[PDB]
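**Q** Chain by chain, the residues run as shown.
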Amino acid sequence: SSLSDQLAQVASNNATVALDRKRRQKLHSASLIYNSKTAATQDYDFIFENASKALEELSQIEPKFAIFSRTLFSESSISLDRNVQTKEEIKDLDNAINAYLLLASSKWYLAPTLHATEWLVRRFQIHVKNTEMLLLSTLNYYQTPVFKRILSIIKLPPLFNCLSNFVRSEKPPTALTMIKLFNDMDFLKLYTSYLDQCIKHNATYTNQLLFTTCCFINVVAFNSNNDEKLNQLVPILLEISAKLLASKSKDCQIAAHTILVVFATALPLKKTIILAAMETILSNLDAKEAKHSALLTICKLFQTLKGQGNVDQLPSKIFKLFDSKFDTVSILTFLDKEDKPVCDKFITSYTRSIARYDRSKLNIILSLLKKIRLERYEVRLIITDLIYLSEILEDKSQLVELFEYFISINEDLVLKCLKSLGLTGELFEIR
Amino acid sequence: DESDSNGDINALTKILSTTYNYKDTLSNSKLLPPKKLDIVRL
RNA sequence: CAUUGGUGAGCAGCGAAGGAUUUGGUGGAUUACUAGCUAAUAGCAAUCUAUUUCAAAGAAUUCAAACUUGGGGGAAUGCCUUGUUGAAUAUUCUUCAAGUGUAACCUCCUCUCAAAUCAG
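Here the protein sequences line up with chains C and R, keeping their order.
If you count the first sequence from 1, position 9 lands on 10 in UniProt numbering, and the numbers rise without skipping.
With UniProt numbering as the guide, the letters of the second sequence map in order to residues 180 to 184, 202 to 238.
Since the hints were derived computationally from the structure, they do not count as laboratory data.
Virtual Cβ for every residue (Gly too), placed ideally from N, Cα, C.
Treat the hints with caution; some may be incorrect.
Subject to a maximum C-alpha distance of 20 Å in a straight line, what follows is the list of computed DMTMM-like cross-link-like pairs (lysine to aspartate or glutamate) [said to hold, decoys possible]:
id, chain 1, residue 1, chain 2, residue 2
1, C, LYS307, R, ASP234
2, C, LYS301, C, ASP359
3, R, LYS226, C, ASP345
4, C, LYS371, C, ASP413
Which bits of chain C does chain R cover? Going by a derived footprint, with three or more residues having C-beta under 8 Å, they are [claimed, not checked]:
id, segment
5, 25-39
6, 122-130
7, 239-249
8, 275-289
Whole structure, please, built from the sequences with the hints as guidance.
**A** This is the structure in structure tokens:
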């Protein structure tokens, strides 16, 4: 290397350790509300008293911020600077700071949060010392001028490099910069490391989470052509979707649902991956408000695919999980909706899974098959398995009404597959 | 610590992990994908 | 009219799932390749530390020692040299002069040009 770059690297090693007093009046004078002439003349104790003055109201809003009064907002936690500590102590400092950041990420519209984190900016240089968590916890607030102030103060990491033109700017950072920020690959590995961190800690609130799905979804919007870049984009999004569905949270569930919907509708995965998606979706479909979304997810999911075995029957674990988390009459209500969304490739696949494992509710299938105008090969492919359940399952009046409906609608289709399999008069010899 | 020895929630992750190409290129789907023509000048 | 000027439209023409440009970073060569480190015949390379230390070997210009200084002056005050004086015990030191003596120390030079502008 050069000497000058090898020495400007030591600026990055000691960007916060103020040695000359002008370095102090640079390093203390930037904070989240106060102008740098009044921010220059602030004693540490005076800022900590305002810190507790916002922190007590925050802890009274929810008690989880009370523990940072024990450690971070302690009255003993003023004089200690970071650079005086060992890195093993600095790691625990960063742990406290990070867990505080995703916590306060919800409460950030409050001026209590702005007055609380400004001291942490000023006591622990978290605009510089830990700026990846500062930005990742507070990324969704890109319209708010509190964040826009925060942009003029953060030493920008290479991972957040779209905003290199937006630090110390007037107008707020635009919506397209969020996509171009997220359109990088390793940025998405940071956003997994944020959201997965929020999942185990269960600090996942709705507005930021809607911003997550709107950014990830717009990423696959931007990668509609770059199918090889999309094929390295499946590992980052489907991991976030899977680890999202392990949440108790229902907004996180519909978030992972939107991820799977827009991902399958933008890029056709293999069928077995969609079966994995169905297992992870249905295996945590518990609360009510996610069911209406999650049904439409599989409605999209089975429509996103095409191949050999396009509408084949589901596995018995998958089908019994589906018929545990939904009833029959759930889908019997849903297909009679006036929205009536096109789950055409799902029904003709799921009725076969009824027709092999269960076989007990084919009056239900009659109700099902009168509801939806299906596809041409689909009805034929249902009728072949119903020929199979004519032959091997003992013939019953439910199947008689089934095939009488199938003579009422597309008798000749039945005649063609019967000329393919079996005979015509032998099907009259069925019942 | 990490050892292998109703539906499970690891079910997406495992089937991702045993895949590298997630596009079903082994399909021969007999439908045409949009926007990208496998076309060769002869 | 030549435009032999480009813009600008275009077209013939070239033409395989783009073409054209501009740049960041890094690697490879830019002499003809025998491995890294150390206390080195050996040990290391996860280590030389509670054998690294004893031992031997190891001391002249009797004080040769600016090969190095822009050039002139001088060189007061310093130094050098001998001349010369005292003291101590054959030698240092006190005292003193003579030196077109002197890389200390004082000044003069080592700037003013058919370069240009400008009145006449």
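**Q** The structure should be examined with respect to each hint, and the outcome stated for every one.
**A** So, going through the hints one by one against the coordinates:
{"no.": "1", "hint": "C:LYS307 to R:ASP234", "in the structure": "17 Å, holds"}
{"no.": "2", "hint": "C:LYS301 to C:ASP359", "in the structure": "25 Å, violated"}
{"no.": "3", "hint": "R:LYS226 to C:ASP345", "in the structure": "19 Å, holds"}
{"no.": "4", "hint": "C:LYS371 to C:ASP413", "in the structure": "18 Å, holds"}
{"no.": "5", "hint": "25-39", "in the structure": "violated (count 0)"}
{"no.": "6", "hint": "122-130", "in the structure": "violated (count 0)"}
{"no.": "7", "hint": "239-249", "in the structure": "holds (count 7)"}
{"no.": "8", "hint": "275-289", "in the structure": "holds (count 8)"}
Violated hints, listed in ascending order, are 2, 5 and 6; each of the other numbered hints is respected by the structure.
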